[PDB]
Structure formats: structure tokens, C-alpha cells
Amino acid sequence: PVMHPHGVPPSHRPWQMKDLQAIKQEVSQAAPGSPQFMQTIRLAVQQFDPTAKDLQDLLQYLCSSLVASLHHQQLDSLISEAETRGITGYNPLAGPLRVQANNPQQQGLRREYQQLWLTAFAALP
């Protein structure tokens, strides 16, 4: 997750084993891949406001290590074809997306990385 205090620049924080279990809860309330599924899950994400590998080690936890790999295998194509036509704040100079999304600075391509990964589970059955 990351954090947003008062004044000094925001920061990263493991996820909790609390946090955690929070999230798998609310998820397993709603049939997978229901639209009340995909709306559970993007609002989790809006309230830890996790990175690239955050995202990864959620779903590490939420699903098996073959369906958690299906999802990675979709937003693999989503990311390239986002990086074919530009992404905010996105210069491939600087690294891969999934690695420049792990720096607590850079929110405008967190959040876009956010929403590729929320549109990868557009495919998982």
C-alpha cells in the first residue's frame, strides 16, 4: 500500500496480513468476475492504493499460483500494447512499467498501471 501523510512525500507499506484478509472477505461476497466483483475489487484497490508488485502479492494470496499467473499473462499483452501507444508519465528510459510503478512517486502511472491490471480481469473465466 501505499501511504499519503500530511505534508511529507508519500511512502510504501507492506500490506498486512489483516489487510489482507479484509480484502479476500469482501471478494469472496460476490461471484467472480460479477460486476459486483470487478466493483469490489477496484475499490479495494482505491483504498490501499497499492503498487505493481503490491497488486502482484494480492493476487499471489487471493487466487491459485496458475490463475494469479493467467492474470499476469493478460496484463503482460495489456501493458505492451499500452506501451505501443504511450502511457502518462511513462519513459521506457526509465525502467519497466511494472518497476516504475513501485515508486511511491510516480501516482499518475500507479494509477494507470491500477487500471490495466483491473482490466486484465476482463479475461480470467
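Numbering follows the first chain given and starts at 1. Heads up, when I say rigid core I mean the largest set of C-alphas that superpose within 1.5 Å between the two forms. What changes on going to the form deposited in another entry:
- Of the residues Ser77, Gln46, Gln29, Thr84, exactly one exceeds or equals a 2 Å C-alpha shift between the two forms once the rigid core is aligned, and that residue is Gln29.
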The other form holds:
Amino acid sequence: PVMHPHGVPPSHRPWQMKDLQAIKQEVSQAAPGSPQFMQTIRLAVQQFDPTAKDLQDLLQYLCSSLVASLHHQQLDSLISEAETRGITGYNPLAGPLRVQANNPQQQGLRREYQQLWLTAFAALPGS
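Next block: the form deposited in another entry, after the form deposited in one PDB entry:
No partners, no molecules, just the chain.
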């Protein structure tokens, strides 16, 4: 998660088990990508403002190995398409995209990465 308190520099902190547990229990048996699943995960992304790495960890914790593999493939395609368009806050001469999306200071890029990560669930059967 990225902590961005008012008027102080942002910083990354690791996921805490109690936070992950609450997300998993709220999702319960809702199919990945379903309206109930997305309603919960959208709120989790807002509350914890996760980096790209944090989102990989959340996907791995919440979903089966199969769903995670499908999501990985879909998001990789969406990222390639987004790079062709240009992405808010992404400088192609700086770090790898996913490194930049782990930089707490690059909030605009992280938020756009979050949107792509959420959108990748739409490719799954279920919804």
C-alpha cells in the first residue's frame, strides 16, 4: 500500500495480513470479475492505493492460480496497448513501466495502472 497523508511525502508499506483477510472474506465466493467482486476490489484499491507489485500480491492472495494466470496475460496485453497510446505519468526513457508504477511519487501512473489492473478482470468468464 501507498500512504499519502496530507502534506507529507508518500511511502510504500507492505500489505498486512488483517487487511488482506478482510478483502478475501468480503469477496467470499464471488466470481472474479463479477459485479460483487469488482465492488469490493474497487474499494480495496482506493483504500490502500496499491503499487503494481502490491496488486500482483493481492491477485495472488485472492484468486486461484488459473485466474491469476489469465489476469496476468490480459493485463500484459492491456499494458502494451496503453504504452502505444502513451500513459499518464509514464516516461518511456526512465525505468521499466512496472518499476515506475512502484514509485510512490508517481501517483498518476499508479492510478492508471490500477485502472488497467481492474479492467483486466473483465476478460474472465464471470460477470
